[PDB]
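Complex shown without one protein chain; remaining protein chains in place.
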C-alpha cells in the first residue's frame, strides 16, 4: 500500500516500524503524508536507526504540531524544546512512567503526540509498553458505551507533583524532573470519559491511574468501583505492544488514544532518551 | 402518630412498622383497611403479633391485597393447596431457605407485589428475618449514577434455585418445603428493569438480587459482574436494613418490590415453621 | 441454667436481655458472677428499665474493670468517668460510630468492655449494631485460619483525628467530641489479627475499617486485598444483631470480640446516651 515509505506493523492492534526514509533529510509532501497516515492508522510508529541532530529532531515534531513542552521535564542544553528521559546507572528512585497512562492530562489541553529519540539505551531492558484506547473503548458492549458515553472525569497532577506527592516517601530524581509548584500541580481539570480523535474521528476511552481522580458528580465510592473496572479492562495484554529500544531509534506516539509505560527492568544500567512534545486541543466528546 | 383505627409503631427510621389494635379473625371494616394499607406502602414491611387466626382467615387476609398465587418451588399443606410452607426440622443439614438477600421469584414475568407470613411454630430466640428498602438503596446513589443506570434492564432467571447451576451443586434444598420443580422452568429467562417505580406510590426504587439476577441485558459477563457487584455492596449496607423477630402467631406482610428479605440461619437443631400465601402482582415497569 | 437472673437471648449468634436484677443496689456475688458469665457468653447484654444514677453506673462498670475514659469524647458535668454520646436535633455534621469498629483499637491496650446507658432516645430509630468476631473467625476454613493466624495489623487513629482526618470534609460537632492531638492521631500501634479472649480463651478476629491501616510487613497492595476480604466476611448480616434503645436501658459489650456501629436512621431527632469504659490489657494472640 504505502508508496514512499516501507511500513512494517508490529501487532494486529497498534504499532509499526517505518523504514526506507531518512529523517536527516527534509521530507517531501507525499512522503510525509504517508508518515502521517501511518501514525493515524498505527498509533505508535518508530523509525530505527536515525542519527538526527536535536535540530532535525525539533523540526520533525513540528510537522505534527507546535512544540508544547511538558511541565516536569528538564530541557537539554540550548534546546528548551528538547526534554530528557534520562536515568543514571545509580537507580533506587521512582521510575518515570512506571504505570500505564497518557502524558500530562492534568492540563486543560494536553499533548496530542510526543516523539522520542533513543540516545543511549542498554543492550536489553528498559522497553516501553503501549496500548490502544481505540481498542479499549471498541471492545466494550454498546450498552456499556451508552451507559458511560456521557460521563466526564476530573484529572489532576497531585500524585506526580501535588499534595499527595508532597506527603509521600520518595521522589523522582532531579535529572529529568523540575521542582514544581504544589498548587499548580494539584490543579483539577475536566475531560470526557470518551474522547473523539480530532483527525480519525474514531472514539477512544480516556482515563488513567496516574491523574484521573474521580468521575465528575459521583461519590468516591462509585467512582473507584467504575474507574477500577476500566483500568482492569483497558490494560489487558491483548491490547498492548512492546517497543524495544536501540540507539538512534525514533518513535512517535499518539497521546490521546494510546497509553504507554516504562518497564523498570534495567537497574544498574544507563538509559537516556530525548523527547519533544507536540500540542493538542481540549479533548472533545 | 396520625392514625384512627390502628396503632402503628415503626421499627427503624428507614423501613418497618408494628401494627396493633385489630383482630384478623374479624373481617376489617373499611375505615380500618384503608389506614392499614397507607402504612404498608410507607413502611414497606408491617407485622401483627399474636393473631391466632386460621388458614381460612389466613387466605382471606392475603386475598384483600390481591389474589392468592403460590410460588413454584414451595409446597402447600394437607387440605390447603393455597397455604405454603416454611418448614424446617430440628435436625436439618439441608440448605436454609432464602439465606441471601432477595425478592421472591423475580424470574416470573410479573413477579409478586407482596407476601404474608404467619408464625406457626417459631423458636423463642433464633430465626429472625431481615429486610431492607431498595428505595433507600437507590435514593442514596448520586444523581449522576442514577442518571447513568436508570435505563438498564436485567435478565433474571431461576437457573440457580432449580436450573443447571442448582442441579450441579452440593447440598440441595430442604425437601420439606421444596417441590420437584424442574430444570426448564428454572433456566427460564425473563427481563425487568434495573430501576422500578411502585404502582401505588410513584417512588423510584432499585431491582436486583444475587439469587436471580444473572446479567445486565447487553453487557459482557465481566462488565455486568462489576456493576451488579457494586450495587449489592451498596444496597445491602446495614443502615438500609432492619430485622424482624418472630413470636408464634406473629402475622406479617412484606412488599416484594421495594424491599428485599432473607432468612437468618441461627438455630440449627431447632424447629421453625411459618406459613405464607403470596398475593400476585403486575409486570414491573420503569 | 441461670438462677439469679433472667436471660432472654436476642439471636443465636450473640446478644441478650438480662432482667430480674436491680442495678441500683449492690449485687450479691452469685448474681454478679452470672451477670459476667452471661456477658462472657453472649458478648452484648442489656438491662431494660434500670433507672440508675451516675454513681451506681460507675460502680457497676468498676465490677468489669477499672474505669478509664476514652480520648475524644466529652465527660459529663461533675463526673469525669462518664462520657457523652450526645447528638442534637440539628444534623449538620457526621455521625459517631458511623461504620463497624471496636473502640480505640489504636490504643496500645484498648478498652475491654464499655457500658452505655440510654438517657433519652427516639421512639423509633437510633439503633446500635453489634456483631461477633468469634463468629467471624469460627466460620473461616481451618485452612484459612492457619494462613492468617500469625499476622499482625497496624492500627492508627488517623481518619478520626490524625493528618488524614484534618484534610477532607465535615468535622464532628463538639456537642460530645473533644479536640484531639494529631501526633497521637497518626500514632501507630500493632496488635494481632487474631486475638484470644483473656477470660474465655476463645479466639476472635480483630480488624476494623476505622483504625486498621495495614497488615504488618505487607505490601500496600497485599494488605489492601486482604483486609478488604475480612471486612467483607466479618460484616455479613448473619453475624450481627440490633439493639433498640429505650430510656434507662443499660448495656455492656465486649470491646474485644464484638464490633459495633451506630445507625443514622434518626436524622432530625435527639438521642443522648452516656457511657463508661472498662480497660483491658494489650490484646494477645
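Here are some notes:
Each chain gets a letter, A, B and C, in the order it is written, and its residues are counted from 1.
Simple rule for what comes next: a contact is a pair of C-beta atoms (placed from the backbone, for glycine too) under 8 Å apart; a residue touches a chain by one contact, two chains touch by 3 or more.
Shown chains touched by the missing chain in the whole complex: A, C. For the options C:140, C:157 or C:194, the residue in contact with the chain missing from this view is C:140. Contact with the chain that does not appear here is found for just one residue of A:235, A:255, A:258 or A:274, A:235.
The chain omitted from view is touched by exactly one of A:69, A:110 or A:129, namely A:129.
Listed residues C:40, C:74, C:187 or C:233: the one in touch with the omitted chain is C:233. In the full complex, subunit A makes contact with the omitted chain through residues 8-13, 100, 123-127, 129, 235, 237-238, 240-242, 261, 263-267.
Taking the whole complex into account, subunit C touches the unshown chain at residues 140-144, 146-148, 150-151, 215-219, 221-222, 225-226, 229, 233.
Note that only the chains that are shown with their structure count from here on.
As a whole-number value, the distance joining the C-alpha centres of subunit A and subunit B reads 53 Å.
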